[PDB]
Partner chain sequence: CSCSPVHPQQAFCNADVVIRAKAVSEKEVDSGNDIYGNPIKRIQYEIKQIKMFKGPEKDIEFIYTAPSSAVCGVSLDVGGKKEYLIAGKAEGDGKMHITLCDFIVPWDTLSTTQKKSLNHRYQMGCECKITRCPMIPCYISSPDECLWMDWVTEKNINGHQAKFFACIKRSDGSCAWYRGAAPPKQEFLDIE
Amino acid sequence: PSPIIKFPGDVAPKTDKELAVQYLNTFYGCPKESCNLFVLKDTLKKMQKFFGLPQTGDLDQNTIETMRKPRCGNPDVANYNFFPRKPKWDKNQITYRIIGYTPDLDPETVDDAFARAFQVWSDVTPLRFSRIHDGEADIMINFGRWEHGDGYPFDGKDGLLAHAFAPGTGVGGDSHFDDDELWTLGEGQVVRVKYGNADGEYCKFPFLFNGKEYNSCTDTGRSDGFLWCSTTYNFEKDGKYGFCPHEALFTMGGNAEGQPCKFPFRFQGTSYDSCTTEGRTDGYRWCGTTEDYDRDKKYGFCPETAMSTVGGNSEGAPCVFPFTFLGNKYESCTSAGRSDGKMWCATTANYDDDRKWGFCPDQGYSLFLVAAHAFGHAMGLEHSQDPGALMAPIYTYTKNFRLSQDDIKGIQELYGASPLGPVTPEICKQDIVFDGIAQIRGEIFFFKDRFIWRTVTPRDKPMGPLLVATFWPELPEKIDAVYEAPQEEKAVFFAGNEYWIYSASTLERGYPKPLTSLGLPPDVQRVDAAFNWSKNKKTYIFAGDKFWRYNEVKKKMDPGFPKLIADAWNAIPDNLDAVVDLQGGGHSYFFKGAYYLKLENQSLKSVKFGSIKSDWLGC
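Show me the one chain in the form deposited without the partner chain?
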């Protein structure tokens, strides 16, 4: 089941053309006036060129999927965007001022992310940044909205994340982050607990209380309307919590003694319906705690605000569980009715009766990463075309961030070495050994260290490189093997002693687990090969000089393994790295070093030779 519907007060989506033009207009220069068929193709191609697509004026199923990914606000072409044409700070000791904050994080967390982000650059150069609290700084950092005042409009949630100006005078070096995003540490809403036995810690989302997991703070269980979360998943066992900040419930310092803001509250000539930074330089939100702040002068600060709902019509009201939507009960956010996979929930017990809903918090974007990238702009750097480079336009979450050679190169190209960076694979121009090679949802996927190449047919150049984190962020630095499960069409990734199962970019719940869960002897803590067989549907996991079989139907291994690579296969070298059996052509190819071996399904002598780079990749 799944009927589609339009939700009351939702932002209609932009159609591909509308999207294209905006992308081309925003990042490529094609003027709003010149967009026509001719300009769309040509300019299109320039974008396609930059991102590795085929050069064509047509809007490719991937050309659209690419210009649909959140990215930086800066263009890809012509460093002629309001900064000094000489791309490089003329000093080596730079200052910055945080002018704006975001309500999604506590200042300490926001300050730290920025500093960590500057450190990204101090580490590989002689640039040293210092934070000043008054007057103009080299790099001013703010958070704003659509039109933030320098003439480069942001457009709400997702899409453009931030934009920084090149080193120069006035607006030069200045970094802006879109306030309509939700700034998490990259992995989900970040909230910093307010009081109790977890006063310093972050909420732990999800956390399990009474039978329900919470993915935002709740007043469930409470009587006094206060919000809370635990530090750990198991609240029942660990039992540590604190109150989540919200100025409707309480406020910090000031003279109001923790009481809630009073909304609206008259400040001088204005009535404020939220905290403001008016009257202030530190950028701290604040609010009168009584309706006439002048008359009573009772104020408290609003350092952080826990969110529950974003957009929709409920104005951030919390979800209600269980909630009934189209005659079915939902106890968690779903995408019923939305064709865009975005997750929402009702904010009342019944959507059918009330039609009130809202989007639930998503993974957000790390301010850290986004900052570090924007800050590269501020040092004079420009957009790299290297998928593994921080200064690539598109945003990709990377649990473990490492500045890439390409980045270090440029920053050191502008400034010193310091008082040597990761590199990125090129398939055709270098003979390399893939970590795992396997067909996925009908596409061949070639993995390596931090990147993956993919294709729908082996008689064409391979699409990529692409950082694998943009599909499988929870996966580690390198996989050991890959595979597909015949029953659910799910991807199963191996690495060290764990394995992950995904289904369409969604990390399986319960994953990762130790390989023992697959039914492998505790001795192995690695497996170097994997794949399924169309005839038998039996999954063989190769490690060293032995292999095993997995029953996907029975979810158990088969009668007493392992077997040998030579004892069960005639010509197969042990410690070989990959295996792939494309669907629909009885041939099983086993890869080792840079060159592979084939096989007919009905016979092991069944072979014909070849090599990976030449035979496999259009090279």
Contents of the next structure:
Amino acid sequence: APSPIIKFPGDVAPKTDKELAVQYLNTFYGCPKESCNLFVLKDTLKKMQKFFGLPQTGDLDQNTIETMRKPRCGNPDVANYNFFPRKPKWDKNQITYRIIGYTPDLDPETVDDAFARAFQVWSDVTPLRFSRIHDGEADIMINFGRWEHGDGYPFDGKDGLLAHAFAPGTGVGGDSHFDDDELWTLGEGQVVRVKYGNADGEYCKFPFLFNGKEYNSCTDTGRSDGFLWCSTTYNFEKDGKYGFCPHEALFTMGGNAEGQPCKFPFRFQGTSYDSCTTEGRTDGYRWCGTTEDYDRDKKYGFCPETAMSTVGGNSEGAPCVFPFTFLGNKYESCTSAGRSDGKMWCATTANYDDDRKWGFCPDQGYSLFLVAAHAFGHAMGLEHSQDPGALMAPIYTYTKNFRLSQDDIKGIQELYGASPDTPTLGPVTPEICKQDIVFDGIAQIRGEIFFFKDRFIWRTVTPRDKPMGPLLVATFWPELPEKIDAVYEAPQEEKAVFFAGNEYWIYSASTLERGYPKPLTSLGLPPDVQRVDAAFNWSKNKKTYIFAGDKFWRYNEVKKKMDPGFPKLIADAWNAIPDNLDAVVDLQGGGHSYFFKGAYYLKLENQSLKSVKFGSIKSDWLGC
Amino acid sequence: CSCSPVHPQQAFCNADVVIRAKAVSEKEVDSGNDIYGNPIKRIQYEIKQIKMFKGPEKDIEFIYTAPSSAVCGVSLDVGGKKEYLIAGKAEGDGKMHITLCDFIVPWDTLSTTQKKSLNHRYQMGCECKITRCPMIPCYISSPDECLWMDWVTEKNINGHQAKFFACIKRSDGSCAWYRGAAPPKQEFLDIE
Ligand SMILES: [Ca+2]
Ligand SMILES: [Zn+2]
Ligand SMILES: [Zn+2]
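Output the form deposited with the partner chain bound next; the form deposited without the partner chain has already been displayed.
Entire complex below, previous chain first.
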């Protein structure tokens, strides 16, 4: 209840409510040491809310503070003048770039590629051509660094600002700096390129099943020596493929050390290193002594990646320990106890009270692919977009199937050509009411009432007045295609079911289950599975009704079986219900099941299968 | 002639007699008289009735209609050989009046569903009303009312709900629409 607030060793965590809004309004809105001059003046927070959908109330400390709490680009939204030259456009078409710094969360092959993929995002729509150089100064210096990385624009520990890049110009012009305290990944959690055993090349498959417990990070369970291994697919018991997880404390690569582990500390020219360095190197490769005196014995190996169970905090990666006591209570799972920012931590010893040794349970991390994408545009001259679906949008949003947005193609092509040696991006971001909209799916997902479309969902609880949005559907569900159809959630198990094309997805707890997305065949319907029209649950029968075509369907959400010979047409139970309704929804209580088609809905009564209330979709739901 | 809107069901309900007749030789509108004095003018049709739908037995031999379209022109053709179900006001011995204002359409207009509603369908929902929806948003209170909103979907009389719909009467005394030839059930279920 009176939720306790604690300071974790290493984290400096004052920032109460507003306190932050102060430190977080001048970074991207210019307003220094003084508490913003909104006192006798009124500006600042306003333009903040201009950006990001206009819920302009003023400080709106209740709903707005959650937006400066989201992971974003390190770049400002206003004043393009922040050192990069006035004219934001390369005077050339052949542009070099060089990877100076890397990151331990990823093997340098993955990073190398990750970037190159980012650049391509821009090339594929421009006569621009990026070629990497390994020596001297290039047009883009790619590096990683922590607070105070050398340019005067510091980063803020884990989370928060993700990276930043200067617009085209001299030396620093175009450089891309990514935050080293982040957990870089390909988007969906920690990544680890395995080292030995029977799958030497593969990526660790997290999670994976062993001994009846899911593992999401490399482990030493099983082993006795202390080494780290991870299975290379979901089912270890069936597949049997795995490899060892890199760790300078465990082994190294190449060099002349024969795999031997780093020695700490190791002297190199009057300095004792306690971890690998790049000291002496320009390929940005971490290396290290394998003996206590690198100079004398001249023994060494490389450190291409470091696996870790825990992130941040003060346990250097040490795995969690369960159960653990904290503030007097034992916890057998990661908690947010002691945290006000929701971040999830755990203890690295059975008792935090006595040891104060903790870490962060690794979340999903941030895709170097994507973060570099946005960044690179910046470096091509581009500036922060106000279009939720725009790559060049400040806030971070993980999309499995990422596509540049017209908005982007527009901005970038506007400066450069389009395609040497006529196509377009296609769709744009739908607007609330302004124009006619046939939603792809309306649904009661949790408490909110989501409205779907191509890549966007607007949603609201009770307010008919006006929903929220738009927001990328991939915010909550990434593996979902860019145009879903029918969608529902089983109130018998609280599972979000999504229909689309020839397949269907069924999320639960923000993650799709192993096996899905299966076709509709194994679902229940005949091979008609080409596509669907609408679906929902009963407010009194508590079953599923899959409407598709002139004929509706039935499903046992209370059993696995199927009902005798459907498809039968609406010729029986359903009445006014028109051919192929865009959507169907059942709300809390009432007993009414709204049916959607065209630009208007049709109220249906469960208590009595008859009819009611014919209303304008736009005016009634989806607030206008 | 300013005729109010109605669903092709009410027609078969409010109309005395309904049948498909045709004009062989128009009974040339003959004499009459009235207030100003001058003779009453009235069109008259020589007709051949295929079958009868509802109405009294004294089969219609000739159709009649107000003089001018202005008042109610049900000017139809002869020779041609088109059919018209037109359920005008039944008058003694083959006499029935057709006011432009009446449910009147060439046989070919009606859909596969509209025709088949002549024998049993429409005839089942007369103890029922058929509300016409003014403006989205509209409602229905009574358990016997059925919301009819073609003005919404298709401004004109001929519209989905008229082309394919019929507001039958429920077994509780209430009413509701339909589409097909199967009246027997509430909501699809299985034995649990
Ligand atoms: Ca950061
Ligand atoms: Zn940015
Ligand atoms: Zn920087």
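Rigid core: the largest C-alpha set superposing within 1.5 Å between the two forms. Residue numbers count along the first chain shown, from 1.
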Item to check | Of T281, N79, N92, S534, the one whose Cα moves 2 Å or more between these two forms after core superposition | outcome: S534
Checklist entry - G221: with the rigid core matched between these two forms, does its Cα shift 2 Å or more? => result no
Next on the checklist: After core superposition, I'd like to know whether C261 moves between these two forms (criterion: C-alpha shift of 2 angstroms or more).
Outcome noted: no
